[PDB]
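A single chain comes next, written as structure tokens; it is the form deposited without the named molecule.
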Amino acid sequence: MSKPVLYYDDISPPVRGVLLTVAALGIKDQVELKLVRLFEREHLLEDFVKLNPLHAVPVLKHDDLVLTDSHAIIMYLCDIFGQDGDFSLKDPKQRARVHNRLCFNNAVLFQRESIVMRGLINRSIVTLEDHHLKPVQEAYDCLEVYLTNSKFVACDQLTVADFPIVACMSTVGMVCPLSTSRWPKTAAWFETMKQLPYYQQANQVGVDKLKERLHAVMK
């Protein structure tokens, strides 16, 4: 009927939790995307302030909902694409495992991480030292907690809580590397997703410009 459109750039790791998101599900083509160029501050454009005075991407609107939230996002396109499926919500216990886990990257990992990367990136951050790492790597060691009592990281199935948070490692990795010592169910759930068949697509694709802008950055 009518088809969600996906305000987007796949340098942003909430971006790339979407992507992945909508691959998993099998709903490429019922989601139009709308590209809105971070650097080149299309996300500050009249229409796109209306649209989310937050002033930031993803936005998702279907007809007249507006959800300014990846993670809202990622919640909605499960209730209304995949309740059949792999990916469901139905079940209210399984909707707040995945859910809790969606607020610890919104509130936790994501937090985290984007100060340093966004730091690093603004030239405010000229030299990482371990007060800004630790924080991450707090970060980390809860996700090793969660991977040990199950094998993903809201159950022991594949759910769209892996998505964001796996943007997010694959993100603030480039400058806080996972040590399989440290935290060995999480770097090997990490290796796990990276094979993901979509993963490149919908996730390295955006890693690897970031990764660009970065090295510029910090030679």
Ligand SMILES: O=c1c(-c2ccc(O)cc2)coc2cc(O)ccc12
Second form
Number of protein chains: 2
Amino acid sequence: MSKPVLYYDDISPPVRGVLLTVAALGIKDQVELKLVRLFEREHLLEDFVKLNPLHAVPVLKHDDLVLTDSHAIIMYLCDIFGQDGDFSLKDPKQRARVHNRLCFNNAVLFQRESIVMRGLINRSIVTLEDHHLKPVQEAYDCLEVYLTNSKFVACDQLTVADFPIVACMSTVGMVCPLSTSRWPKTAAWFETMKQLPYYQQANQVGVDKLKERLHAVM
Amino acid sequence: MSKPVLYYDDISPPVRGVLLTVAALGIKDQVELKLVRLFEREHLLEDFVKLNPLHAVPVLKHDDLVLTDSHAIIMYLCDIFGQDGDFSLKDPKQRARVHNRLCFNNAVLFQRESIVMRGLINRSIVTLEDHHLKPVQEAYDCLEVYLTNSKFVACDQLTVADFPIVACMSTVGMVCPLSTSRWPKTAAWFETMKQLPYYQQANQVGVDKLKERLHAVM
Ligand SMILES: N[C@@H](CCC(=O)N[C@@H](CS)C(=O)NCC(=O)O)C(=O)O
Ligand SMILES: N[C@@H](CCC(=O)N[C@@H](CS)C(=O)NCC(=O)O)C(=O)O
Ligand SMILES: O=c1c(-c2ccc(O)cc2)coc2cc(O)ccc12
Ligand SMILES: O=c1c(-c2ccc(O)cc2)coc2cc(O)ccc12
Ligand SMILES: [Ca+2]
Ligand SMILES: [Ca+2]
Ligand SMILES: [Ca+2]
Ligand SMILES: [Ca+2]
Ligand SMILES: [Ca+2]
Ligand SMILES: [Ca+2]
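If the one shown is the form deposited without the named molecule, what is the structure of the form solved in complex with the named molecule?
All chains and molecules follow, beginning with the one already shown.
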């Protein structure tokens, strides 16, 4: 009866990782959305800052629980809605495999992605030199290893760990594109992700919006 | 019978978050250590790079499971060794509260900490201007809110989420000290952490080592 409320702006890759998860879990009707538009600065309103001192999206509120990181939101939603399905995290080693890749997205891929994208968005960077994209390419190399050792990022099955990564990969891809030559396992995985039926609505919409803003800044 | 193996260098805050956890869980005898000395560049040896393409510590190997982020190592260890104790993560909301603060350490506190510490370690930064420490102070402000709303970082009880944060707080503290004036809840929490019986061995040893290296670079 109690519905989680997702505070979100789908231009954000972390948000889209959540939106992808909600869709894959089949719980779109079970999660209420509350738009928090970054470019309008609604994330700096007193109510939202009180909700999350990081003044960032996404945020999940469920009863009195407040999660302020897309990755914790994703694992929490798997725990309460996905325990008995294909995305289950009940097994401790499977849970750890998935969490390990969520950590990789949060602490490596999204960090390096964000540096570049925030730089362009706020005009701190004007020209992308190679040194801007080198950390992203190092993250691609790690991802290529992971996708050599298993079919998806965390194991041979799709898991929620694939969603934040693809959300990031489809963002920073527009400034640091994947080479099939250089990263064949990752390019193939990315195409497969793109074929998911909920990808268009849960991720591409927001990516296109961000592409509009990026073409405007460039 | 199967023992996890922890690849570690205790100058690293992520490592010390693990060491603190292993001690708090009372499982020092149950986790084998394997030293991987960063300043000797043992993390760049072929075997270790194959183990972890991020060439970073800590790493946990348990049977064929390989975790390559201190935060995933911590949750995994809680799951297999702490399920029936004071650090249990069995309840989904408690698990999410703890994971949410682990995310905060991984993606905010340790990121901003690491930027500064790596800068000094490799002499990219020579003088700490205020702009180097401003992001760290913003992270302190968030932490002060969290510790206003609960006695420890994630709830009113000590949890494993307190250990990575204190590991970071005791590192970047040496260049950006806490003010009791400015962050009273956090200063009090930090002192309490320092009083834990395993703090000296699991965290202070490594902090002191790093202080030696930092005085050498400065
Ligand atoms: N580690 C966080 C990162 C969230 C994040 O950085 N969100 C950005 C958008 S991509 C934001 O809301 N930025 C607004 C701000 O920083 O004020 C997560 O995964 O939720
Ligand atoms: N998010 C990772 C970060 C680990 C990390 O950055 N480790 C550092 C030491 S603090 C390292 O081993 N650096 C060596 C390198 O980057 O080559 C975790 O929490 O385990
Ligand atoms: O920082 C980012 C913003 C943003 C944040 C605040 C604001 O006022 C406007 C845009 C929007 O989208 C993003 C997407 C990214 O991939 C990384 C950073 C941002
Ligand atoms: O980058 C860090 C190293 C380090 C990494 C590689 C190397 O060759 C030497 C030191 C050691 O300790 C640290 C502690 C920190 O808190 C942050 C970064 C580092
Ligand atoms: Ca509805
Ligand atoms: Ca408007
Ligand atoms: Ca208000
Ligand atoms: Ca032993
Ligand atoms: Ca030696
Ligand atoms: Ca070898």
